[PDB]
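Presented as structure tokens, the chain that follows is alone, the form deposited without adenosine-5'-diphosphate (ADP).
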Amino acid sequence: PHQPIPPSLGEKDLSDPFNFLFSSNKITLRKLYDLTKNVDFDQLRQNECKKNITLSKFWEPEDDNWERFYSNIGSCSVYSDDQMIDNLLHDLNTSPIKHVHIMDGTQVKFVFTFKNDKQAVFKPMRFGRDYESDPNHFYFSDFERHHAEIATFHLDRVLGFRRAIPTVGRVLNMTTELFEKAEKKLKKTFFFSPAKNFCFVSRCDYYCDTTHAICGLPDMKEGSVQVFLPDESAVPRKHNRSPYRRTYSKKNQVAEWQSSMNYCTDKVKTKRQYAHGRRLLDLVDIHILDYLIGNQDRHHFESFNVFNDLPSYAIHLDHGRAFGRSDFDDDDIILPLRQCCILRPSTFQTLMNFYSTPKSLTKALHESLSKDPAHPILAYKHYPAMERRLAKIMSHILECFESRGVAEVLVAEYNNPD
């Protein structure tokens, strides 16, 4: 089947997810050690977050973990309590579904309304875990992968960012939980395939048609379930165009930042929004994440606009187009690191910690992913890829240290003299 069963409902893979050879370059490792042996990271880290305040203390409800999640949304992090979040994850997976609606407007996605009247974003599973993106497909031609949404959220926690939105796997009964709970406009788009599998077309801009319908085998369908952001009326949000937006054209495929090396220096560091603050450090952080997962589709940034005065941060969202290729690293994604050569001190330590112990990153990720009910989330072939990409990142960092000095790269806040 092109659209297979949920892997959790299949034969359990007994293979060792880490039976691959890697090893770490000790020359590079030693050069990073030497260039940083006198850096007091502890004192450096304390300025990365100006004021650590949650949404509740700023307001001065916890009936359910949604409200408990919303309340603990901080000024320098989306969440800081893994256990409470893991409880929310459990709720997203197990809570009874009351309504299913087609979401605004993009690829097929549903809004789940649970019995507690809380809500979530649902993205259905299409292909199996082994499926890789067409080499001829552009980033804007790529089909979303629900398991990429899940995997990246976990990786975002493992890296210690916690600026991603809680997402869990869930195997749904298409008949009782989708069809019978669906709105009238969505319900009518359901049908049976020639193989008698249950299918829905839905309505959306990107290939919500009969040919690309989502189909069960016959009536179950795994998907990603992501907790809704708090209401915009209460917690307003900002939508910002990325300076590293790609061209999104097959004729002119080369943006300025892809051909001009000094792009960051002349065109990004000199902008008001990036000249002072945390925004550029965020951009480097999020592109490190996107490079590790091979996400090319980072055209805009999303941020809360609710904490007065204090600086906002980019919400790590929209990861559907991640993990498309296990045999290809797109170094264009990590270009901001190479061009800007600034890096949040905590991020460096996190990366350094994982890098100095081979396979520790993917092992810590595997362990996190294992708690998801829909595991395995990622095909194991992506693990050596992530290790390979991590090593390459450290090489770019070493180049930044040697070219611009460690005191100019590792800053908790960026300030442009000019």
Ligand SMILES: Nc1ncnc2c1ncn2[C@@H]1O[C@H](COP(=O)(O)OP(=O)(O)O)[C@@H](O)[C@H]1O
Given for the second form:
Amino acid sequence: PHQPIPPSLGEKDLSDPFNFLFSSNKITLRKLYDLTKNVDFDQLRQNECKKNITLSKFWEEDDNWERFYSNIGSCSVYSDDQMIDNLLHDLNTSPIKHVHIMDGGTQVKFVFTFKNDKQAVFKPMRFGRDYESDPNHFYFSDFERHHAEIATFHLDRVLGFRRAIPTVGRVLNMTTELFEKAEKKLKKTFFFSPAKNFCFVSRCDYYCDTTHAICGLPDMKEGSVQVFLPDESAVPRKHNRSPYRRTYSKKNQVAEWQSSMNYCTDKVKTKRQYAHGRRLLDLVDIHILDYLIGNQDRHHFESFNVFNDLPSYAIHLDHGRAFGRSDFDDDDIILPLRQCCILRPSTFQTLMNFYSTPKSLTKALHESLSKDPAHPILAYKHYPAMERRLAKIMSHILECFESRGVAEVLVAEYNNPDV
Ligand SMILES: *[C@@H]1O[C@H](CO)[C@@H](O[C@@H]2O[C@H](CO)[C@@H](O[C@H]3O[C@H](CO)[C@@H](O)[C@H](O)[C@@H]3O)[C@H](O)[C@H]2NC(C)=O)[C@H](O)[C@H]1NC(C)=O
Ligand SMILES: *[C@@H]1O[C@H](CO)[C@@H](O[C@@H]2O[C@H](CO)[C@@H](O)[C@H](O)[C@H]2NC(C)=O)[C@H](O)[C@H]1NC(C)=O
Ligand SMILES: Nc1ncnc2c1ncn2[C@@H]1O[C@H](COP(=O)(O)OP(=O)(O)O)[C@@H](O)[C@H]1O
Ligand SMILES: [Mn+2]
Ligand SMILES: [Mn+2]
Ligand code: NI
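Show the other one: the form deposited with adenosine-5'-diphosphate (ADP) bound, since we just had the form deposited without adenosine-5'-diphosphate (ADP).
The complete assembly is shown below, putting the previous chain first.
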């Protein structure tokens, strides 16, 4: 079957997820050690965030949604892992009151309204964990992977960013939790395949059709469950076009930043929004995240616009098109690091230590993913891929230093002398 059962309901893979060969380059490691061993990282980390305050203290707790919303910080989506794990557990277990077709993106997704009237975003499982994207597919043709959303949230935490949105795996009874709880116009898009599996078409721009319907085996269906963002009226948001947006066309397949190595110097460092602040440092952080997971679909950034007079940060969202290929690294994604050559000091240290201990990043990710009820979240073949991609990032960091000085790269805030 193209759409298999949730792996958690299948035979348990007992194989060693780390019986693969990886040995980090020691030359690169030591060279990255000398130019930074005397840098006062402690002083730097304290400048990466101007003012660290939450929404509750700014606006001057019945459930885990409300405590999450209140604890949304000005330099982070969340701190305190234990309450998020409580929110995750709640997202997995809370009874569903309503299911509605979600208004927004292009691929199939529902908004869950729980009994307590709180909400979440649902993205249905389609293919298995082992599935790799068609090599002929562009970034805009890939069907989203629910398990990538889960995997990235955990990885975003492991990297200490905590700017992704809490997401948990969940296996639904399509009859009781989806169909019977679905709005009428969604309800009518349900049907049975010739194999007597339960299926729904839903309605959306991207292949919500009979041919590409989501189907259970026969009646269960795993999906990613992501806590809804706080209301737009209460916590408004900004939608910003990325300067490293891809072309999204098959004819002209090469954007300027893909062909021009001076793109960062000439086209973004000189822009109003990026010349001063944290935005560019955010962009480097997110493309490091996108490169590790192979996410090519970063066309826009989403940010809260609620902490007045404080710099906003990009919310690490939309990771459905990540983890599509385990045997391919898209060096184009990490281009902003190579072109801009600035890097948040905490990120460097965080990136460090992980590299200095081979397999530690992927090990630190796996146990984190394991606590998700839908584990295994990622096929193990993606683990060596992430270690390799990490190594390239380190090499690319080394390149940034000698060309554009080491004291010019590691900054807690970015300022362009010419704006
Ligand atoms: C901005 O303020 C945030 C809130 O204080 C902040 O939070 C704290 O961050 C640390 C980072 O790990 C958390 O840490 C540790 O201690 C708990 C307590 O047992 C352990 O369970 C963890 O494993 C970890 O060792 C704190 O929990 C967290 N404080 C809370 C409760 O929110 C940010 O660090 C501040 N600035 C930044 C960098 O965004
Ligand atoms: C979804 O829910 C239904 C029940 O609501 C499941 O099944 C029942 O299984 C018993 C076993 O004795 C049968 O006798 C009943 O006929 C079933 N009930 C009905 C009315 O369907 C089903 O297994 C559930 N699927 C999952 C995976 O959640
Ligand atoms: N967890 C969420 N809560 C509320 N709104 C969301 C959430 N995730 C995404 N959105 C909104 O939905 C829009 C598209 O969702 P997205 O995840 O991009 O779906 P797709 O990848 O299919 O386009 C985004 O512009 C965002 O504003
Ligand atoms: Mn999107
Ligand atoms: Mn997407
Ligand atoms: Ni098709």
